[PDB]
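Protein chains: 2
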Amino acid sequence: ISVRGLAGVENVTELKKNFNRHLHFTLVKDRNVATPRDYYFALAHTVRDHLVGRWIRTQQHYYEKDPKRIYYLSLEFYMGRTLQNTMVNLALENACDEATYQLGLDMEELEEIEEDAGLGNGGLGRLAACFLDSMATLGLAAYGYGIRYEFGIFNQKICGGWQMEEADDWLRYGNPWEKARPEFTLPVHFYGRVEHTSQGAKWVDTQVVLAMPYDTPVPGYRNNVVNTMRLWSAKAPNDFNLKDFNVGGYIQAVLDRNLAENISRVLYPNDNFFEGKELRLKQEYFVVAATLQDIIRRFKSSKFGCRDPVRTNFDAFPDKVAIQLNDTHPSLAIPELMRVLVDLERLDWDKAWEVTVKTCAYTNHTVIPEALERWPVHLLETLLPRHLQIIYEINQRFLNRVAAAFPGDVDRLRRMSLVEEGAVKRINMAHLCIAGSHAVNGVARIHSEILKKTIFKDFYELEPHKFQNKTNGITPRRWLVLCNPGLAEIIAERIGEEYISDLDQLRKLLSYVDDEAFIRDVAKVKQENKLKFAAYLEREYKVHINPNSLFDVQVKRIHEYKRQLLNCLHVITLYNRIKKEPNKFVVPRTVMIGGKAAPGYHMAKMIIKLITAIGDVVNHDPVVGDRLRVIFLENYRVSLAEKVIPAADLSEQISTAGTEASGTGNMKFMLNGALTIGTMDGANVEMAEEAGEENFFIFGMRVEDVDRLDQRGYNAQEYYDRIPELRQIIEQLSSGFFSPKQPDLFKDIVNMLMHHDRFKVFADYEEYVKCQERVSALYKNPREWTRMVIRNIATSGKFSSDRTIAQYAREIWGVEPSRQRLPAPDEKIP
Amino acid sequence: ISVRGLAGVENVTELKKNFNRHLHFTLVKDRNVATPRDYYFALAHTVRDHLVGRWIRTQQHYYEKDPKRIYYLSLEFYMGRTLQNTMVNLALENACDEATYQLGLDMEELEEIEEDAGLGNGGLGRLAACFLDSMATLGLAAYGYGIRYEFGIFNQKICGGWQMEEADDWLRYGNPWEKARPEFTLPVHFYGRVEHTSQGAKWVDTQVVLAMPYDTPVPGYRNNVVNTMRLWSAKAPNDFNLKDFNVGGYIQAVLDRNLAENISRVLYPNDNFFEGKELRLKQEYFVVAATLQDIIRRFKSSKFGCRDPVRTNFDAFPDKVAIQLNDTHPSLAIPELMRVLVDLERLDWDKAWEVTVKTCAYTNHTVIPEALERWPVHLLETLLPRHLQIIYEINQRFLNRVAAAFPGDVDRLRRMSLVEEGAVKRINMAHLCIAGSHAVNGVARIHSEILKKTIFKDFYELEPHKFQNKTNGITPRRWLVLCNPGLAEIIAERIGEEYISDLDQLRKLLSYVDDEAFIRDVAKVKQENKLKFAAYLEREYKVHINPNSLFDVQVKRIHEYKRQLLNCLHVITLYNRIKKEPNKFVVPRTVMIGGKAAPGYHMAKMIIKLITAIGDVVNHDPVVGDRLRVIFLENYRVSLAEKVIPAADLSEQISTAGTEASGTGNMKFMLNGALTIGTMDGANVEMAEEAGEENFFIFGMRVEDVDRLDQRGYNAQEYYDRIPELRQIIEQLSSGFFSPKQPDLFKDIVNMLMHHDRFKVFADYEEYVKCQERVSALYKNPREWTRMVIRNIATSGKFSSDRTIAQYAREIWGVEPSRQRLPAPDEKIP
Ligand SMILES: CN1CC[C@H](c2c(O)cc(O)c3c(=O)cc(-c4ccccc4Cl)oc23)[C@H](O)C1
Ligand SMILES: CN1CC[C@H](c2c(O)cc(O)c3c(=O)cc(-c4ccccc4Cl)oc23)[C@H](O)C1
Ligand SMILES: *Cc1c(COP(=O)(O)O)cnc(C)c1O
Ligand SMILES: *Cc1c(COP(=O)(O)O)cnc(C)c1O
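One line per chain: the protein sequences are A and A', in this order. A prime marks a further copy of an entry chain. Start counting at 1 in the first sequence, then tack on 12, and there's your number in the deposited numbering. Start counting at 1 in the second sequence, then tack on 12, and there's your number in the deposited numbering.
Keep in mind the hints are simulated off the structure, nothing from the lab. Honestly, I wouldn't trust all of these hints.
One copy or two, either will do: identical chains are not told apart, so a pair holds if it fits within one copy or between any two.
Each computed DSS-like pair below joins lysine-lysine, with the alpha-carbon atoms no more than 30 Å apart [to be verified]:
{"id": "1", "residue 1": "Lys554", "residue 2": "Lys255"}
{"id": "2", "residue 1": "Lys840", "residue 2": "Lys28"}
{"id": "3", "residue 1": "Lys617", "residue 2": "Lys255"}
{"id": "4", "residue 1": "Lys255", "residue 2": "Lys655"}
{"id": "5", "residue 1": "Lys255", "residue 2": "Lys169"}
{"id": "6", "residue 1": "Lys28", "residue 2": "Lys191"}
{"id": "7", "residue 1": "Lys465", "residue 2": "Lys810"}
{"id": "8", "residue 1": "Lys478", "residue 2": "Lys465"}
{"id": "9", "residue 1": "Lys520", "residue 2": "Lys312"}
{"id": "10", "residue 1": "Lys255", "residue 2": "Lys289"}
{"id": "11", "residue 1": "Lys255", "residue 2": "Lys759"}
{"id": "12", "residue 1": "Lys753", "residue 2": "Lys255"}
{"id": "13", "residue 1": "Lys312", "residue 2": "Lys363"}
{"id": "14", "residue 1": "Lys294", "residue 2": "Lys255"}
{"id": "15", "residue 1": "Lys77", "residue 2": "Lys596"}
{"id": "16", "residue 1": "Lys77", "residue 2": "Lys315"}
In isolation and in its complexed conformation, chain A is listed as follows:
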């Protein structure tokens, strides 16, 4: 059937009875009233059973051996579905496929019932998920810590061509994967005030909110390692949240508990955008405060909570603990670690600071200013009074270091301060992170260089040793084996299975680039994937597409910097050219654009409307026929990505040079047989460098060109004046050609393009359409298109998150990865 594992005789039999056990005893149903959802659940519980044994021994193992622990703090974990991924990592896929088949059920049908765990916005959250998978596969004692939102990223609906948001009630039917651990609930404090008494400061009169943990297992790839992802949920205490007496109403008090519990209610749906709301700050401290208590508790046990030098010497803390800050969201971990060490453990400031810096590391994800977290001092002042004091003290000591290093450089002083003066004083969380971390890394070579040359230039000059680079990656399990079994199979047929946990081995495929059989196969799986997607499209969304056309797709969050607008200009250009010479042959294309817009991002929502507006015109023009279709992919999310990416021919990665720190969707398309048209931005640079620029479709300005244009001054009118095709498009938009009933509907888009385009869409237009013409030429030559595809696939090995994690491990955490199988799962009950 494929290499989804063995369908053993004893195990298929064992699976079936357990499926039946759960359907009866767990779901309390009988075959005569069970629905597909019930069957999905019976299966999930059956699969979940297989890793608890391993989960228990893995955690017991770490307790015995006591290795250095890695704590990955993130406010986002974009997990997606977990049934298939679990089967894959446990080598259960075929056995399960067989067992459900014999029970008369279609496993694929049941998998579609699982709800996505959408606890993330996009790239940042998905990276955390890929990292968790790699850390387990590399046998690291790692823990993912976050927040268990009861409502994840909103489900996107398109009404009248506009995006409608609706709550993502992903827990509605329950989550079979998590395990509530109410016995490990921890208290988190808010508000209050600081008392300075005799021997130290005291944080007093605080409001208490409880943090209840929920654990989800993270299985490594076929190595019997099962790590833990601990997500915190907010709960109101039953006392004060009722006991603070003297009238108000007993009923009201109880109803008001959903005020403390709102902290973990919903994920902020902003991608690369900072919104300074109090609720967000509460969420950030909540995850940090609870996590750190858990980390220290575990440490106090270790082998120090037995003997060792005897005397809680936190001198060894950094030798046993590593905390990775995914962006600045969990930045309060730095002043919180100090607070605990100084205020509670009573360590001297300098010793505490030494420990803090040595255990914390920070990962920067973007350079755009509106993504930068700058919290108003009055907010921190009211909510976290002691932390503000600690931050001022950290700032004080840091600036003294700067002054000593650059005597008289007064402007440098204000530039590096963690405190920004002005309208309202604010705290720069990025500066906080750099000062309190021993390592700061960018997510792609170009991005890391930009950090040193621009945004954090002063900090790099002060401590060059802190700055590093760790190019992002994606997990080959979910992003190849899981979503593209067909491709994984033909690759395995030639080079074996060892590449699944050693992607570099994909290079061996280079020697099949002229193999007639392989070329035919690679091309066949892509055709099958396209036919499958084309069917899914009519199944769940309904309105046909041609599977013989070039599948041109751009899927990612809607952003001005991502330039979905540039894509739109090209689509309209294609349309206008066909209308000019109807009977001229052009390579048929199905351009698919999908992605969610943050609810308050007006321009992003306007772009979605433009996309659907273009499709309304183009898709119903008889003269165009099936040569051009414009489709907006609704509710783009992890599970949808697993469907479109394997079906794509052309991957659109066209952000303005210097704006996309790295990107990861780009890597997903490369691994799945799509060719890339993009700018020299983020990881694109490293991808072209790995495959050879001749096997990549690069166009547009480079970072330097953008800077040159800025010195000069960007004037869109110029491009409008010199390019007739461009002029024609802008006039079509302006006149209502794409919005008959509301002729001025797109005035904001046009106005922006012409007068305030921070991302110079027009500047890359000419080179973009020219490059697109080259893609079409090559597509007309199936054999050569496929050969270039093989060159990309064979050279994508570097982009596996296993490589990324191995680098973090060695160059930042100080731990050694290992591909050693944990001593089987075997029963055991001590």
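Add chain A' with the ligands to chain A, keeping to what the hints say.
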């Protein structure tokens, strides 16, 4: 060990492995980190497994045979713990005891970990629970329908002698007994308006709230029948509760979902008191609206949803459905049934009314005015516009019936109206219930008579056939076998086990009233129970009591009508007499008073303080020694009742004659070997009648005496003037003898007693203390005290809820009870 079932070799072995299965796979724990709570859960899941098989076949059975279904609607189900009760009804207690013993665990220790399901205030909620147990034991196709409150009755804490309330987060660690059934979620409507169009009225522009059901199994006593209790939970839809667009904030919209969900958040903590709050009305409609949809859906299937006369003829509705309204709380079921039949099914009014009346029956629980539900018309007008219209129409037609029956009786017309004029117009829910039900019953003979003679005299004259009586009862399983195994054993030793489901057989014990062995035994188990309680007291609450004294207990909700105050007067009298003649012998007593006060009931809270204030003085007077202790039993609830009742010697049932409709605590004490001191009120009358007044300690005014006093006019001063002992007590309270630091602390109590005592505490004082002297005399004669106890126990058979349910079944529902064992639980998987 006792007759808690057989500890079979194969089953104890089977139990142990399943306990281990659950500890490993379900709880994901290993013996090295498992805590008593984990062990309790492993056991609960193991026991829960044993009834799913039966649960499934019972429900399948009803589907095949299609008997008339009984729907018991109640806003309260005071269930308590369910582990032990399940073991008892499944005959698993000994096997489980053995198995956990071999696993090295103390089953009794684990049982204490289970949280009470306190979804009720007291009597009314506990009655619903006893009824569910009896209906299952009598093989009735019955369903209990209610609301799944996430917060039940508050946990009571005594601080400084005052009651403090704190949220009852009973779901904190999860509920192993329930099964969420999200697939059966139903929508409930609120607000909106009524459109009268061509062919009928339409309820439009409503706000939708979803009702998600949770099912809990209700096992019958050893007959393999497992019925269902379906509790509804409120959930906000994901659309409109987000989709009603045009600014406000996406985040806010999501947070605002906890506005629709507040409906099932908390139980109103009022016992026999009406609070006209909108949230309460919403709860009442919520349970009614969801339940009725479920009832009709099931009906449409039956055997009509196959063939029969073919044509949804609701003519057979009353032949297949019976809806019992537990008090007026679910009264909206009447106009809701009409709404559905008329507005949706399009039946003519008269046919719909015929069906409604024939399927509905109402149970009245009290005659006190402040418990009467009178909803303001403006509230129903805004929240349920169509129901108000239907109620006016029902009223209209009903009054026309009255006018035709009593021509010219204009005052009768206004008296019987469902609409009350005055300050604000209100709807009398009790009148609604009588008009739309074919049966109305009181809960004890005297209460039922009072209803016909007073409160509902006009209605009784109109339709005498509607009025009935159904004396309350308690289940002998939980209230004897479960809480008093020792007593159940010695009884079984002489007459067998058949009495557990046939309490009348207890009469056979009369022939052992002179048996020397039995007398010694009955007395021994009572002594063991007392020693056990006396230990529990120091264990969990700490401060010693003497197990050799007479255990004088009054446990029930704190009320002015229940007269805990009268008890207080007696206690103070005892104290004053000892202080007067210290060296005179008196029978030692431990008087225990426990019960919760509604949070807003000031007087009730003042009484609790008085009780603790008396104990402060009495318990620390050296001269008193161990002859008199006054203890306030904290957090009285079902699980605590299971502990004190079996340990009691004297049961205090002293409400003012005519105020306690029935009472059930009184029956619990009679069954467990306590003698009763009480007034001729509620069921007390029937209890004395069953045991013989010579074996009961009756005192005080009868209903007639109370009425006589009212004609005359009650003047407390008179009693104050003629009874020195009483005068001395009132002056002690007035002067601060019991509240040194706050001398006027009890001025409200004294003022009330002297000027506005609606319950004439003083009028029964003399006869009360005189009667108490008779109890002490008899206690001094162990042998005779015990012989009187045997006369009470042997004659309590009539008070089993099996008898009550058998009467409801035959005289109201039209179904025949059956003690036939359902065809085993045996595996099966169709
Ligand atoms: C001037 N104004 C433009 C819109 C912007 C804004 C909003 O008002 C609301 C939003 O939800 C977003 C968002 O999600 C991303 C970005 C963003 C992110 C990176 C680069 C450029 C931009 Cl415009 O901007 C947002 C902010 O008010 C400043
Ligand atoms: C005059 N006033 C007295 C208090 C009463 C009241 C409250 O203000 C608040 C409450 O929670 C209760 C309660 O639980 C029971 C009874 C009650 C019930 C039956 C008979 C007599 C009484 Cl007093 O009364 C309550 C109401 O405001 C009328
Ligand atoms: C991989 C992924 C992303 C990130 O895509 P980029 O193109 O790097 O912005 C966003 N959303 C989902 C659903 C993803 O799978
Ligand atoms: C039985 C019971 C009641 C009812 O007691 P009465 O004395 O009839 O008022 C109230 N609360 C609990 C916990 C009960 O078990």
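In rising order, the numbers of the hints this structure does not comply with: 9, 15
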